Each structure stands twice: as C-alpha cells, then as structure tokens.
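K.L.:
Here is what each chain is made of, one letter per residue.
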Amino acid sequence: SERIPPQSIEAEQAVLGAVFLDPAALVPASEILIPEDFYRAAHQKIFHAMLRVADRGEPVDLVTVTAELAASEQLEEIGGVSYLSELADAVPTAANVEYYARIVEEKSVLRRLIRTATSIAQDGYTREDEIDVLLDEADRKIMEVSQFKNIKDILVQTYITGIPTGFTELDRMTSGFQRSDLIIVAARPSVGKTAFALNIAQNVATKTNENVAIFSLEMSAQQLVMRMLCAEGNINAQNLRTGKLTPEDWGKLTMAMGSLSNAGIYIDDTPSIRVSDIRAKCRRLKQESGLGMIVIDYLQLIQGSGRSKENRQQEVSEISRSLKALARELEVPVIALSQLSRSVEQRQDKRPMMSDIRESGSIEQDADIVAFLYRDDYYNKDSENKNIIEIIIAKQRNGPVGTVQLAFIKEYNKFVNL
Amino acid sequence: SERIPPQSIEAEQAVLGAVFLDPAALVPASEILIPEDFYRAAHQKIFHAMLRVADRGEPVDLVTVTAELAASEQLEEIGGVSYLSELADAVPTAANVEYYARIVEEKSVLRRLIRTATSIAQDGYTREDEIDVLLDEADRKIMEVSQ
Amino acid sequence: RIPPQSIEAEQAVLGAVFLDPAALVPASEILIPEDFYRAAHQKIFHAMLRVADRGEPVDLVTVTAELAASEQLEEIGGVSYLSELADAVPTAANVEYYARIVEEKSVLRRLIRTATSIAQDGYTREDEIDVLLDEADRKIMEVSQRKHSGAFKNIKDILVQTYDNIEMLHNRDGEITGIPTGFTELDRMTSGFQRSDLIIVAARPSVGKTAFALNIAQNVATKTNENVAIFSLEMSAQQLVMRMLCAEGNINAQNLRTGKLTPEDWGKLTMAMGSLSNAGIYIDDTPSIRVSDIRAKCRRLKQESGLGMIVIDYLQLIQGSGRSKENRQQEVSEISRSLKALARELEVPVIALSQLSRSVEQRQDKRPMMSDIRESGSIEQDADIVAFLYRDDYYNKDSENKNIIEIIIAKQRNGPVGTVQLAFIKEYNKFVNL
Amino acid sequence: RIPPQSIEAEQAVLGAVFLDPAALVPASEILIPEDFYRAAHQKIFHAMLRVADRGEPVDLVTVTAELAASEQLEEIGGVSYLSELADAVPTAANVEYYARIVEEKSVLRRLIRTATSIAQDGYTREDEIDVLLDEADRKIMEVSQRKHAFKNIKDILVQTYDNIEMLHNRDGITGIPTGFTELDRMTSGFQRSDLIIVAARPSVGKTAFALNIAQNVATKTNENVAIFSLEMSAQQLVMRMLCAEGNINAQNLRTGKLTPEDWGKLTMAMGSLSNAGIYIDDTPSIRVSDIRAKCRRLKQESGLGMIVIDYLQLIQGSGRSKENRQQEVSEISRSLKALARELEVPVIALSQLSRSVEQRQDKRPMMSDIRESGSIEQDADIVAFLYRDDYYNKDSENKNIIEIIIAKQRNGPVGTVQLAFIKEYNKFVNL
Amino acid sequence: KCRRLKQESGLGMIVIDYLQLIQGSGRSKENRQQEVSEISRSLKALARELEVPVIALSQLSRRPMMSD
DNA sequence: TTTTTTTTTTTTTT
Ligand SMILES: Nc1nc2c(ncn2[C@@H]2O[C@H](COP(=O)(O)OP(=O)(O)O)[C@@H](O)[C@H]2O)c(=O)[nH]1
Ligand SMILES: Nc1nc2c(ncn2[C@@H]2O[C@H](COP(=O)(O)OP(=O)(O)O)[C@@H](O)[C@H]2O)c(=O)[nH]1
Ligand SMILES: Nc1nc2c(ncn2[C@@H]2O[C@H](COP(=O)(O)OP(=O)(O)O)[C@@H](O)[C@H]2O)c(=O)[nH]1
Ligand code: ALF
Ligand code: ALF
Ligand code: ALF
Ligand SMILES: [Ca+2]
Ligand SMILES: [Ca+2]
Ligand SMILES: [Ca+2]
Ligand SMILES: [Ca+2]
Ligand SMILES: [Ca+2]
Ligand SMILES: [Ca+2]
Ligand SMILES: [Ca+2]
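Residue numbers (the deposited numbering), protein chains in the order written: chain A, 6 to 152, 159 to 170, 183 to 441; chain B, 6 to 152; chain C, 8 to 441; chain D, 8 to 155, 158 to 181, 183 to 441; chain E, 304 to 365, 374 to 379.
Bear in mind the hints are in silico, worked out from the structure with no lab data behind them. Just to be clear, a hint being listed does not mean it is correct.
[Said to hold, decoys possible] Here are the simulated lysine-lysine pairs, BS3-like style, with alpha carbons at most 27 Å apart:
1. B/50 <-> E/304
2. D/304 <-> D/347
3. A/146 <-> E/347
4. B/146 <-> E/347
5. E/332 <-> B/50
6. C/409 <-> D/418
7. B/146 <-> A/418
8. A/373 <-> C/332
9. D/230 <-> D/309
10. A/163 <-> E/347
11. D/347 <-> D/160
12. D/332 <-> D/146
13. D/347 <-> D/309
14. D/146 <-> C/373
15. D/154 <-> C/146
16. C/275 <-> C/146
17. C/332 <-> E/332
18. A/146 <-> E/309
19. C/50 <-> C/154
20. B/146 <-> E/309
21. A/146 <-> A/418
22. A/160 <-> E/309
23. C/373 <-> D/309
24. A/163 <-> E/304
25. B/146 <-> C/373
26. D/409 <-> C/163
27. C/418 <-> C/373
28. C/409 <-> C/373
29. A/373 <-> A/418
30. D/230 <-> C/163
31. A/332 <-> A/309
32. D/332 <-> C/146
33. D/373 <-> D/404
34. C/332 <-> D/404
35. D/404 <-> C/154
36. E/332 <-> A/160
37. C/154 <-> D/373
Please model the complete structure; the sequences and the hints are all you need to start from.
P.N.:
What follows is the structure in structure tokens.
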C-alpha cells in the first residue's frame, strides 16, 4: 500500500560526515556519486557545495563548506551550522566512505529504475500510435539506468578499503574483502579451496586485529589448526603429522603456536548446521567481541531450512540467498567455499567458468565476487612451473575482473606471494 | 494513463467474424496472432478451438467450431451458440484480416509491455537485495517483449 | 450425464441433403440412420435412403411424401422442421465432415454402451471367468470394427487418376511438364521443377548458389505468368533486386552499386526496371523465420494470387520449431522434413539452397557428392532432386575455360541423373545457356 | 452393486495356512494380499508373507506376533478371529481351489473397474476417437496374468514333425515368392512373421525394389499386399508399377509423350494391375499403432499377405516425449517386428543408411551402417542391402547390375545375389 | 556496449581482436565448432542491426584458401 | 533444476 521511494539517509549522512572528518574522502565519494544521487534535498545542496569548494580548491572542511553555503542563499535552508556539526559526529572515523557512498548510489539507481519503469507503463496507455518505436525507447530507456576508454583518457602518458588478505596482487584487484560482500571461492576437489581460505583467515586474524569465524563442515578443528601451524612456521606437514620433527622444526612450531594464540580465530566444526544456526552463532560472537570475517567450508554442505527436501537446486538457491543476507546483516564479508560440477573435466581447457559452480546457478547470481582456483600441476604430472596457482576473479561488482597468480607450497599448506 | 489496458474489441470480433465468413481468412489471422493475443477470455478459447479444428483439418465453420467448443467444457463459457452467431454478423466481408489482426496484435504487445514495466516497478520496492541482477532482469525482461 | 452427440452437426447433414442432394452419397457411405442420436433424424435419414432406393430422387417434397407414407411426418416435427433443416447448414460442399462428426459421436456412445454392459455382466455371470474375459476382448474390438471410412487407396481408383492425368499431359503441346527454368539443357533433363518437389541446390561459399536461384526466379516470374516467393535470410531485398536488375539488363554490377553508369547503361536499367515490374516476385527478407512462418506466408499468397515457386535462401539458416536446442542434426533433419511437406501441401516446387561441409575441399576431385551436404544427411534423403554447382575457376586462378559452371544433378526420383553445363558471367550476376 | 467377492473362500485360504502351513506356497504363487476383498484379510495375508520372509515360519502364534508388531492385531478382529479362521476349513489339502476363487473374483472386479472407467472416459475425452479405442483394446487385455506356463518339448517336437510332414507333402519356396529366382532360392519367401529390412543409400533403388516385389506378389500370387508410402504419393507409386509392368519408358509416361505401341503396353499394364489387389496408404505421418490398426482391419475382411513400409525412420513415435531419438526408433523397430508377429505376415521395412559408408573404400554396406539405431540390425529377421557399382562410377563397366547383399538372416544362409535394375523402366529383372 | 556508444555519439566501425577469442552464450560449452558457428552468426547479426561494418579478425588452422 | 550414463550423426582437431 504505502510506497516509500527507496533511500538510506543514514548512509547519506555517513558520507557527508566522512568528508568533514578526512577530507581526502571526498575523492572516492565523488567518483561514486553526483549531488543528485542524494535523496534529501539538503544533502544534495551540501555535497554540491563540497564539490564547488573543491574546484578552487580550498579545500573541504567544516569552515570552507559553511562559507560556501552562505555564499549562496543556502546555509539556512540545510539546517544550521548545527546540522553540519551533526554530520561530522555521525561517524567515529572517515574510514570507509566508499562503502556508504556505494549504498547511496545503489539506492539512487533503484529509484531511477523504478521511475523509468513507471514512465514506460505510463506511456503504454498514451502513445498507442507507433508500436515498434515505443519498443525501441523502452529498450533504450532501461539501459540508460547505468552510469569504453577514449584515446585521450588513455593518454595519461607514455613511456585497501577493505580487510586485507595479505596477498598483494589479489588485494590490489579487490581491496579487501569488503563489508557485506558474499565471496565465492570454487574449484575442483583437492585443488586448494580450504587451504586458500585458511591462509586468508590466518593473515587476517594475525596481521589485522579483527576476529574471524570459520565454520568447517568437512574437517575437524584439529586438522584445521594443524594446517595453519604448518603454514605459519613453514613446517613440513608430513613431518608434523608423524611427530617426526627436526630440531629446528621444533623451533618453527614453538613460534607458530605463539603467534596463533593471540590470533583470535573462532572455529565451529559441527558437521551439520543450517544457515540460521550459523547466523545465530556469529550474531553472538559479534555481540561480545566483534566480528570481521566469516568463512564457510562449504556451501553445498550446509543444510536446508524446512521446505521439505525440495527441488535440491532450490534448496541451495535458498542457502545462497540466506548467506548473502547474513553478510548484509552483520556488515562483514562472507567467504563461501563451493564445489564445481564435473563438466569442466570434459573441456580441453580446464579453467572454470561461472556456469561450472555445482548444484545451482543462483550462486553466480547472489555472489558479490566469484573466485576460481586453477592449477596446471593438478592435471599434468610433469607440469612445468609447478607450485603456481591461478586465482581467477571471474566476477566482482566493485570493479575489475581478471587473473592473479600465487604459489601454493602444498608441503606447507601454504599460499605465498610471488 | 488509464487503468484501461490497451485493447480494441471492435477488432477482436472482426477477426473471429471474418473466419466464420471465409474461412480462408484463418491463414492470415494465425500467421499474425496466437490465441493469447486476444484480450477477452472468451475469444482466446474460440480462436484456440478454430486452430484446433484446423489441425485436423475440418475445416473451420460455425458448425465444426461449436462442435469443438462443446467437445471441451467451453461452449457455454464463451456465450452461447448465440454469441458465435453474433461474431458472424459483426462484419461485411473478410478482405484484409491481415490489417485488423495486426491491430489486435499491436494492442496485445502494448499491454504486455505495460504489464512487464509495472512488475519491474513492483519488484523495485521488494527485492532491494540485489541491485546488479535486478538491472539484468529488467534488461532481459524488456527484450523478451519484441516477438 | 449427457450422451455424446452433435445436433448442430446432425442437422447440417440432413440440411445438405435437402440442398444438394448428391450429398446423400457421401452421407450414406459414412452413416446409417442409427448413427443419428435424435429419434427424429433417424427416421428422416431413413426416409431419405428409402426414397433414394427407387430412386425418386431426394428433395424436400419426395421426402415429406415418404414420411407421410408412413405414420411419421407428424412425429418428426412438421414440414416446418424439414424446412428448418434446409436453412441450417453453412456450406453444403462439406457434408463429409459433418457426417464424420455424427459418425464419431455414434461410435463414442456405442463404446460407452458396450463398456457399461461389460461392467454390468461383471457382477452377474460370475460363472466361467476365461470366456467372460474373451468376450470383453472381442466385444471392444467390434467397436473399432467401424464400417466404411479407413483410408487405403484402392488401386482400381488410382489407376483411373493416372490414366486421366496422363491423358491431360498428352494434349499439352509438350516437352516440359513443369515450370521451365529457361536453362534449356537443365530443363531437358528435368522438365521443370515439378509441383510438390523439393529441389536442393548446394555448393561451397561464394560459388553461385543465390545467383543461380535468383536467375531461375526471374526467368520463371518474367517468362511465365506464375508468382514466385523468395525468402532471403542472408541478403536484403534491395541487394536481391539489384542482382536481378544487373542480370535482366546486362549492367555491370560494380558500375550499378556506384552509380557510375554509362549513357547506354541507363537505357539498360530503364528496360530492366520495366520488365521486372510486371514480374510479380514476392520477397521476404526477415532474417529469422521458422518453416511454420514460411508456410503461413505462402499459404496466404497462394490464397489471393496463386503461387508457382518457393525459393529459400538457405535451409540451415531457417530456425527450429521448439523441441529444445536439440541435437542440431535432428533440428535440421526436422526443417528438411517440414520443407518437403510444405512443397507437398502447396503443390508447388520448393527450391532450398544448402551449404556444404568442408569435406569436398579436402578431396582431390573437388566436385561435390551427396554426403557433402552440410549438417544433416536427411537432406539428401528428403530431396526430390539435388543439384550441385561446381566451378573449376572457383579453385583454379588460371583455369582454362572460365565462366563455365557444372550443374551436377546428383539425385532425382523423376528420372535421369547427370551433369549440365552453363555459363556464369559473374560481372552480370547472370547464368546463361550455352 | 455389491462387488464380486467370495469371503468364504478367502477364509478357507487363510484357514489352510494356519493348518498346514506349507499351503502358503501355493497360496502366494496364486495371490497377493490385495486380491483379498476384506480389509482385514488383506492385512493378515500380508503379515503371513512378512513372517515367511524371515522365515519364522507361519503359524497361529508367529502370525499374531507379527500382527501385534504393527498396530494391526486389534483391527482384524481378535486372536479370536484368527482362531475362527483355523476352524473354518476341514484340512489344508486344497488351498489351491479357494485361492483360485479369490483370484477369479479379483479379476472380475478388475474387469468391472476398467470397464466403468472406459465408459467414464467416453463422456470426458471426446477429443481423440482413434486413440481412445486403442486404449480400451489395450486396457482390457491387461486384465490378466496375460504376460504370466512352460511349453514342454515332447509337445513341440510333435507339432514340428507334423509341420515338416506337411511341408514335404507340398510343393517345395515356403515362402511368399518375390519372383526373383536367385533371391527366392536363398530365402524361400518372405516368411510369415519375419521383419525384412531393405536398406541402401539415397536414390540407389530402395522403393523401386520394394514396389517390384509388391507387384510380383500381388499379380503372380493371389495374396493382398498393403503399402504404406510416407514419402511418395499413391499416384507416383502406381506410375512406377505401370512402367515396370509394361516396359514403358518412365520419361515418356510422365510427359504423355507415348509411342503408338506404348499405349498398347499401358492398356494391358492397367489391365493386370486392376485385379492386382494392392492397398496403398500415402498419409505422410503415421504411428506404428495406426499402421497396425489399418492392417488388422484389411486382414479382417480381405486377408493380408505382405506389409511394405516406405520407410522406417519416417514413421513417427508413440508418446514417450521426443526421447533420445535412438530410443524412439529403437521402439518403432520393436513395434514393427511385433506387428509382423501378430498378423503372421512378412513385414518389409525400408531403411536409410548413415553417411558412415560414404567414408569407406568399399562402398558395400555392413549392418552397422543402418541409420539412426542399431536395434534395427538386432530386431530384423533378415537384412538386405542394395549396392550398385554404377551409382558411384559414372563410367562403370556392367551398368544395370545390382547386388542384393543378404547380410543377415536367422532362417539361414547369408550371401549376395545379382539382379538387373533397368532404371528407365523402374524395373528389376532376373538375370 | 556498441548500442550505447552509437546511442550518444554514433558509430561507424567495429573491430574485434579476434573472433575465436570471443566467448559463447550459454548452450553448455557445446561441440566447439557449433559454439563459434554461433558467435559467427551473432556478429553478422550485430553488424546488420547497428548498420555498420564489423571487421572480425580470425585465426587459421595448421597462400590461404577459405577452408583454412 | 541438475547430475548422471548411454548410442549415434555431425564438424572440425595437424
Ligand atoms: N606434498 C604434500 N601435499 C599436501 C600435504 N598435505 C596436503 N597436501 C595437498 O594440499 C591440498 C589441500 O586440500 P584442499 O585443496 O584444501 O581441499 P579442497 O577443499 O577440496 O580444495 C590437497 O591437494 C593435498 O594434496 C602434504 O603433507 N604434502
Ligand atoms: N566481377 C564481379 N563478380 C561478382 C560481383 N558480385 C559478385 N560476384 C561473384 O558472384 C557470386 C554471387 O554470390 P553467390 O555465389 O550467389 O553467394 P552464395 O549464396 O554463397 O552461393 C559471388 O560468388 C561473387 O564472388 C561483381 O560486382 N563483379
Ligand atoms: N534414366 C532414368 N533413371 C531413372 C528414371 N526414373 C528413376 N530413375 C532412377 O531410379 C532410381 C529410383 O530410386 P529410388 O528407389 O526412388 O530411391 P530410394 O527409394 O531412396 O532407393 C533413382 O536412382 C533414379 O535416378 C528415368 O526415367 N530415367
Ligand atoms: F577435497 Al574437498 F572440499 F575436501 F574438494
Ligand atoms: F555467400 Al554464401 F553461402 F557463401 F550465401
Ligand atoms: F531418396 Al529415397 F527412399 F527415395 F531415400
Ligand atoms: Ca575442503
Ligand atoms: Ca535467489
Ligand atoms: Ca550449470
Ligand atoms: Ca554490493
Ligand atoms: Ca547465398
Ligand atoms: Ca524412396
Ligand atoms: Ca486377382
């Protein structure tokens, strides 16, 4: 019934706030937004002023901005200096404006869509005159809700936002591991899925100060920790397995244990959980300690909410939705490991494409970002350049698509930079 | 705007009428239209029956059509034989069915457009979850409407 | 509830008899009086046959005379009911079909009636099981055992149609029986381009497929009086007409698309346009059609103007009927069938251009064989006639005797197989006799 | 309106089991629990079998133990009802008879039920008449252990001897004779119930050969032959036969450009072909069921001898959805053999061949080459390939010669036979 | 992308760095010959729709002839 | 909707 034009004027305030706090934060903000993207009339005017002052450039602080707003009839229209003062105290830091700007922008696009859709329907009843050209306008008007490098742009001239993974090249392409993202890491069996996830978890939990929850549905907590120890200290896994450790290995282990203690990584190895359970547990850990990342050791191993044992494709379709929504609710990146269907092993080229994600196509469709792992040496016994592993970033609606290379020293359960 | 979906019932009846009059006029008619293009539930069923009988082919006259409509539960649903009789008389001759068919068709497309645009707007307020795939659906749903 | 019946249809039959009345012959071949549901129609249709046995013959008078001759005229409604029957049948030339409805409904209730009496007997004769099951078996066949109607063409009847058809032929001047292409040597070998034939013209890319098809279309449309439909899925209508103009007037194609025309070229163009106007060639350049669409369009053009030929610019470009994106070989297998079936239904030659696989270029002898037809072998099979185009000069840059082009007639179930030779002056988009 | 049943006999069966209980063996060979009419007996006889599968075995104790093990002991009357069942029959010595009563009653109400549902469907599905009949036919046969007793060899040997006897008292081709001597020697007909596959590349001579056979059968013998042409019209077929019957050049015939002696030839070609009795159905799409129906009827009133089908892969499938096409034709293949078997008449199915063969050195076909499904090789009683050297060689020495390669037959001998195929006359001739 | 560039600036030519590098529409990674058979048609169709020459670069198997 | 195993017609893989 009551239809409220979509907006988040909390997030709006968070953007303007960050600018008064930083103000190098105006660069990302304006790359992402124009003044009109803001819903509240007042913010429109403020963010306009902010850019107006940057074009001088003054630069942009609480003073100069009010100076610019008074320079036009506008300072009284937007609330007082007292409103501009509130905007400042909105956020603790001008950390991650990029995040909130992208919310404001996404909402803007939504109502632009709604508006052009309603005006198409509107015109459906009126211009009953020229059917084929009405269909062209509809085509064209729906594309224009979306907003090719020129030769000149390409002449800038010859000759992390972001929870950081610790893999430079991936981080450059991605910049974290962003709050609220669903990150899918899929690859054939025994290729390196878990290894890669665990490596990321360590570098986050040890290098940063954030807590990470890992749900392992296949491996025990014990086996997980043993993988991390080997990777932290470069101890050969076979040796560690057996207890057959060299005198310096003991040193390496003593160390590895040290650093992993203050690491703060919470592991849940219950073999059958529903997403609701996962949510519950994380909600509580965030409550009392704060959460940074959630890792899930594997999406199709999670189990369904009651809908009866439904068309299994729908069952996972649903798990997929739930996870994204959990990532959204807790404002935290969620890395979900996925399997792939065997169809890749038919191809003469064994690099996965999005279609290959096992069991339900909705996973491609819910993910904020899809990463495949490919290893030449998985297939070739003799393969030249062994330890190399491609991290194919097949999808991301932050930005760039592409492949990144790392080394996967298997004896050490370890991924390394090159 | 109205809330009056685009249609042209002068024209639907004119098509069905021409078929009972000719009935070689069913050939142009069906090239141009499928039963669903008709707005009135009743005409849908009738034009379907007409094609159903042509596939035998009987062929298509006021008798065989009512025989086919009664063969399903439908003869009473579409008005009587008395409505089929009216359809016959809602026409001089069946020259240029192609013309009126293309009107019926064009109106069909209009409401199909209106219907998909409203459902896009509808979905705009609900599925605030995805943005990029919501824009994909809109892209894709509007192409599917040029057929 | 209500037993299956059609009075709309019963009346239509009786009506047609009072209208024709030669319509009583099909009617009675298909029906006996008992097949009618309404007690009254039973009696009327009986009277009709009763009067036919004299024979009177059957009209509104004699019938009422016969019905009054028994106690029956008042029982069936009045003369006023017989009068209504007259007025209540749309077109009397298809009594066959209304009769078949009345007949089909008759069979239905006969089935219902024997099925209910089986169930009936199930409770009663609980005595001898095996002979009860045999009777059920046997009683249900005796429904299927429906009399007259049952398509097997008796040979006595066909032979007559053949003699009479031969006869007709024998009084035509003669030579070509079909639609003449205007290429003498090909026409001698083929004699048209026969109604209902599927003609496949296949050859490697840029060899001359379309060129050859268009040339045939012109010579048919301008030399004869027949209409020809051309479906072009690759080229536009305007490119097609531009090819015909060049060929009709011997205007150099490069000159023509530049507008760089000599003073006599204009003359040639003025003529070309003149004759191509009264030509009557209907062009459909929609780049994706289903065969169903083609059928539909042709059916209508034949309706109001009459059709002679259908040309299709190429078969593997046509698109499938829904069966999902099936084993592609099957998809075209089906298109193939549909085309032959279309030529059959419209009683008109259908010339389908086809591509060839890379097979032939691998061979030493680059001349195509049937196997080479691209994408599905069913095309060789379905075709009435398969023509390949081979140009030596297509492969040899230097080739001795250039403009010559073989028309290899690799298949025909009319008659003779063989090769024919023509010249293909490419500068003029033109095929010529030798 | 009271369902056929025989409770007395039901009790007698259950009784005998509690009495014997080796009587359960015959009982279960004859009955399943559902055959019993009384809800209670159903459950009891189920329990009996359930306990036998352990096996306990089956007595008044173990049975009540099993019935109490489910919620059922109170539902079937008490232990007191099971006790009555024991006392109901004298001895166990003839469960077989009571079982057969229960069974016969079961069949009765199964019949009544399918009959009522046929009448039921009569008012509803007024849509398709011919496929509604077939279902009735088929639904009423399914009312038996109709798929089910062994045939003893002593008995077969006799009917075999007696057959050999009669064969001898003939008249030795066994056999509908094709009129091609060398083929007939190898084959002896064209036997009742055989499926004969004639396959060859396009425009090689498939139809021509089949038609020639049909004539010589229909005119030389007195038997009726049905031809289903799915590709050519009835007219085109008759025109081929006229040319072959009278040696009239086909080109002349289809122009009307006939010599004075040609009309003579035509006049008596027509003459002999009239009393020929060949029934032609040229409907371009039929299912095998349709073919079956039409033949069944023609045999009914005139008797049938041969069925010719202008061509197996052109036939269309029974509903199973547009299935793996190989299975679709796999099925048509089965149906055809089963039709030949049911009508006790040779069925000649023409077949196409895959392009496989065009790839070879030796262009003589092998069984594998049959187009679209390998089940055809397997189902066929006999597989005949046509090969023509002159089909591939433009210049070929000895033109009109054509091999009839008999690649398969489970009557007997395999081998090649030679004929001449005078194409100008649509005619195959002996050598 | 081209539809949009033509929309606001007008297009004249499209050049593509190479045809067999383009990737398939979902049909499962089909008989690869069909996959590019498809790309081929799509391209022609695109050239036709935008009324603009499309230059597609192509590789050759194994003076070339068309078969290659 | 998807994942699996089978048979059998096509094209194109240096
Ligand atoms: N050489 C060596 N390789 C190992 C050792 N331990 C594990 N690996 C390899 O490292 C990989 C880790 O398993 P993983 O890929 O995470 O399982 P996933 O979830 O299917 O991807 C496997 O491919 C193992 O073969 C070891 O002790 N020595
Ligand atoms: N000299 C000359 N030759 C041409 C001209 N236009 C076309 N041709 C040749 O004429 C033929 C016509 O195309 P076509 O063979 O019908 O295409 P197809 O459908 O693949 O058979 C081509 O093979 C051309 O290379 C022209 O303007 N001048
Ligand atoms: N010379 C000549 N050959 C003919 C004539 N009529 C038919 N043929 C040939 O006879 C053969 C008929 O083969 P057919 O059985 O219809 O092909 P199939 O059904 O696929 O085996 C073809 O090879 C034709 O070329 C004719 O009048 N003259
Ligand atoms: F081998 Al895994 F997930 F444990 F693919
Ligand atoms: F030009 Al083409 F087949 F090569 F039509
Ligand atoms: F071409 Al055919 F049977 F006449 F395959
Ligand atoms: Ca794992
Ligand atoms: Ca979803
Ligand atoms: Ca998939
Ligand atoms: Ca997002
Ligand atoms: Ca062409
Ligand atoms: Ca044939
Ligand atoms: Ca006779």
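K.L.:
None of the hints should be skipped; say for each whether it holds.
P.N.:
Status of the hints after comparison with the structure:
no.	hint	verdict
1	B/50 <-> E/304	violated, 43 Å
2	D/304 <-> D/347	holds, 16 Å
3	A/146 <-> E/347	holds, 25 Å
4	B/146 <-> E/347	holds, 24 Å
5	E/332 <-> B/50	violated, 42 Å
6	C/409 <-> D/418	violated, 51 Å
7	B/146 <-> A/418	holds, 22 Å
8	A/373 <-> C/332	holds, 25 Å
9	D/230 <-> D/309	holds, 19 Å
10	A/163 <-> E/347	violated, 30 Å
11	D/347 <-> D/160	holds, 22 Å
12	D/332 <-> D/146	holds, 24 Å
13	D/347 <-> D/309	holds, 17 Å
14	D/146 <-> C/373	violated, 59 Å
15	D/154 <-> C/146	holds, 21 Å
16	C/275 <-> C/146	violated, 79 Å
17	C/332 <-> E/332	holds, 13 Å
18	A/146 <-> E/309	holds, 14 Å
19	C/50 <-> C/154	holds, 21 Å
20	B/146 <-> E/309	holds, 22 Å
21	A/146 <-> A/418	holds, 26 Å
22	A/160 <-> E/309	holds, 15 Å
23	C/373 <-> D/309	violated, 53 Å
24	A/163 <-> E/304	holds, 19 Å
25	B/146 <-> C/373	violated, 49 Å
26	D/409 <-> C/163	violated, 35 Å
27	C/418 <-> C/373	holds, 18 Å
28	C/409 <-> C/373	holds, 16 Å
29	A/373 <-> A/418	holds, 18 Å
30	D/230 <-> C/163	holds, 17 Å
31	A/332 <-> A/309	violated, 32 Å
32	D/332 <-> C/146	violated, 34 Å
33	D/373 <-> D/404	holds, 15 Å
34	C/332 <-> D/404	violated, 40 Å
35	D/404 <-> C/154	violated, 53 Å
36	E/332 <-> A/160	violated, 31 Å
37	C/154 <-> D/373	violated, 50 Å
Of the numbered hints stated above, those contradicted by the structure are hints 1, 5, 6, 10, 14, 16, 23, 25, 26, 31, 32, 34, 35, 36, 37, listed in ascending order.
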